[PDB]
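Given the sequences, and given the hints that come with them, work out the whole structure.
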Amino acid sequence: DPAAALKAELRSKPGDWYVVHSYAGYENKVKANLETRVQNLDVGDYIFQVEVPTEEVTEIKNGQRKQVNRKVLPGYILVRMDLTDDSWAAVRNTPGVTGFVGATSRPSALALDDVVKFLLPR
Amino acid sequence: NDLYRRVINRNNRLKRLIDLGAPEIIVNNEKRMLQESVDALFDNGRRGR
Amino acid sequence: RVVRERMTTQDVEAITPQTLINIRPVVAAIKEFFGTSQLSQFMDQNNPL
Amino acid sequence: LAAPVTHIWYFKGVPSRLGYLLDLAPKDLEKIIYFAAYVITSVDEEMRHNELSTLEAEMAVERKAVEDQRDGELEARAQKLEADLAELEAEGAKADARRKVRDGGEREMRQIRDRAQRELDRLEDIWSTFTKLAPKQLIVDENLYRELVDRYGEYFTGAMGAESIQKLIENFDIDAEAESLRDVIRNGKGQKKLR
RNA sequence: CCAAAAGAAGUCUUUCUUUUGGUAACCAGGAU
DNA sequence: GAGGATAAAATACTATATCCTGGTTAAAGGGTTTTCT
DNA sequence: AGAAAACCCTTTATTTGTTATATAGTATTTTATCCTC
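Read top to bottom, the protein sequences are chains A, B, C and D. First residue of the first sequence: 33, per PDB author numbering; consecutive thereafter. First residue of the second sequence: 341, per PDB author numbering; consecutive thereafter. First residue of the third sequence: 398, per PDB author numbering; consecutive thereafter. First residue of the fourth sequence: 97, per PDB author numbering; consecutive thereafter.
If you're looking for bench data, these hints aren't it; they were derived computationally from the structure. Ideal Cβ placement from N, Cα and C applies to all residues, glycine included. Heads up, some of the hints might be wrong.
Stated by the list, open to error - Once the Cα atoms are required to be at most 30 Å apart in a straight line, the calculated DSS-like pairs of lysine-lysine come out as: (1) D:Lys232 <-> D:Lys123; (2) A:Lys61 <-> A:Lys39; (3) B:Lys355 <-> D:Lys228; (4) B:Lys355 <-> D:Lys127.
Said to hold, decoys possible - Far from chain B by the CB rule (all over 10 Å, computed), these chain D residues: (5) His103; (6) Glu154; (7) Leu170; (8) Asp180; (9) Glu250; (10) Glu275.
Written as structure tokens, this is what we have:
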């Protein structure tokens with residue numbers, strides 16, 4: 033089962049997946065800027081992976097069957113890391129990030145089931 | 341029309357994010373923003389910016 | 398603000414002083430001043446005095 | 097709308113009228129309706145009593161078991177300290193080695209004690225919060241609520257947002273509240289009466 | 001309620017019929 | 001020493017005459033689409 | 001089939017953070033401290 037396989041894979045890799053909210057269309061841009069700032073700011077031992085889940089849906093717009101690549105979760109990015117005082121700022125200060133999405137006030141980490149459900153090619 | 345459009349957009353996004361399945365964090369974030377949109381529609385500036 | 402945010406999201410040795418500067422906010426401020434203000438007014442030309 | 101939404105006229109406008117109907121300070125009502133804290137909307141207070149005696153017994157069992165495991169760990173640390181002393185006295189090694197090994201041992205012992213105390217404190221907080229759980233109680237500190245709902249998911253229902261306030265209004269009889277307020281008016285005096 | 005086009009009658013220029021076409025908020029400056 | 005009750009301060013909201021005229025009404029960035037070579 | 005110049009959408013994000021010329025009146029929450037048991 034791909035679900036079980038990815039569960040096993042993501043179990044070992046370090047970090048906890050968090051959710052970041054951006055300005056709607058600033059998703060690939062935010063990913064690129066964050067992956068560049070992770071090297072420029074030397075916080076590469078805390079931030080490990082940035083994912084923007086997408087999936088392709090065929091649409092017959094104007095009578096034209098086209099497989100356009102949509103975004104599963106529009107306006108959110110998935111970041112695997114260990115939250116600290118430096119990582120939090122390095123993420124929250126990326127141009128195009130609206131801030132972390134948390135449960136009550138502080139950042140909350142997704143469960144492996146949810147992240148597997150969206151990092152699996154749809 | 342702008343204030344109604346914001347409400348409609350937020351409501352449609354939340355409605356689509358529920359049927360699609362999503363964690364509780366994201367759904368609650370969408371609900372909070374929907375709550376803030378109706379507040380702006382009824383009385384803009386009574387709470388916040 | 399833009400310059401020092403952009404100095405961290407571009408790889409070094411590709412940066413040139415022309416790729417950090419964004420002149421648009423500066424010219425926007427001048428337009429805002431000379432078009433919208435209570436001190437920038439239409440000259441009074443009822444008579445020379 | 098895909099979710100319930102409150103009207104700002106009856107929430108914000110001073111005096112807050114939802115905070116008079118439900119007896120909630122505006123400061124923490126803003127927490128509830130803007131997804132900044134949980135609220136206990138219902139609790140079972142007799143099923144509690146029974147399973148509460150039972151779960152007090154169970155919680156004591158859990159605490160004692162964890163404490164015993166930690167005590168065994170401390171005993172292993174003490175055996176390590178005895179081995180260190182054996183190393184010290186056996187061959188020739190003066191103050192340096194003695195002090196180093198003893199500092200390491202005492203540091204480890206104190207760290208184990210601290211871990212025990214902290215875990216016991218967390219479990220004590222869980223128990224204390226559960227025993228006194230009441231409706232309209234704001235559970236900040238998400239992890240506390242997650243632990244409570246996981247351990248004792250029954251005996252209480254808690255929600256968040258405007259749907260929680262909707263459920264609070266549904267489970268709200270308007271006659272007992274009025275009679276209580278009238279009695280307090282007739283007797284209380286002071287700020288209680290003026291409120 | 002008005003404009004344009006076409007048809008009919010008379011007057012030398014009106015009437016009848018058909019079709020088409022048909023606002024606000026801000027900021028500023030004055031007056032009594 | 002602890003709890004309650006009363007001053008204190010601190011925020012929250014509300015109002016401030018009538019009439020007239022003149023100039024403006026979004027930018028900025030991302031992703032995409034369509035046409036041209 | 002790839003590149004360039006013109007569309008369509010979003011949003012003024014809201015930090016472990018970019019905002020200091022009113023006064024006068026009332027009303028409601030803190031809060032701090034004092035008094036009592």
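(request) For the pair we were handed, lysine 232 (chain D) and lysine 123 (chain D), check the Cα-Cα distance against 30 Å. (result) 14 Å, holds
(message) Would the hint linking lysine 61 (chain A) and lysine 39 (chain A) be met if the CA-CA limit is 30 Å?
(response) 28 Å, holds
(message) Need the status of pair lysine 355 (chain B), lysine 127 (chain D): alpha-carbon distance at most 30 Å?
(response) Measuring from Cα to Cα gives roughly 23 Å; hence the hint holds.
(message) Checking a non-interface call: every C-beta of chain B should be farther than 10 Å from the C-beta of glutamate 250 (chain D). Is that right?
(response) 20 Å, holds
(request) Would you assess whether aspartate 180 (chain D), listed as outside the interface, keeps its beta-carbon beyond 10 Å of every beta-carbon in chain B? (result) 49 Å, holds
(request) Quick one: work out the minimum CB distance from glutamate 275 (chain D) to chain B and report holds if it exceeds 10 Å, violated otherwise. (result) Answer for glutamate 275 (chain D): holds, closest chain B Cβ roughly 34 Å.
(message) Would the non-interface assignment of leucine 170 (chain D) survive a Cβ cutoff of 10 Å against chain B?
(response) Non-interface label on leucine 170 (chain D) holds, nearest chain B Cβ at 40 Å vs cutoff 10 Å.
(request) Taking the shortest Cβ-to-Cβ distance between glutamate 154 (chain D) and chain B, state whether it exceeds 10 Å. (result) Holds, because the least Cβ-Cβ distance between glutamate 154 (chain D) and chain B comes to about 28 Å, which exceeds 10 Å.
(message) Can you confirm whether the C-alpha distance between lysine 355 (chain B) and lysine 228 (chain D) stays at or below 30 Å?
(response) This hinted pair is violated, its Cα atoms lying about 37 Å apart.
(request) Would you check whether the claim that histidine 103 (chain D) is not at the interface survives, using Cβ distances to chain B and the 10 Å cut-off? (result) Label violated. Min Cβ-Cβ 7 Å, cutoff 10 Å.
Checked against the numbered hints above, the structure breaks hints 3 and 5 and satisfies the rest.
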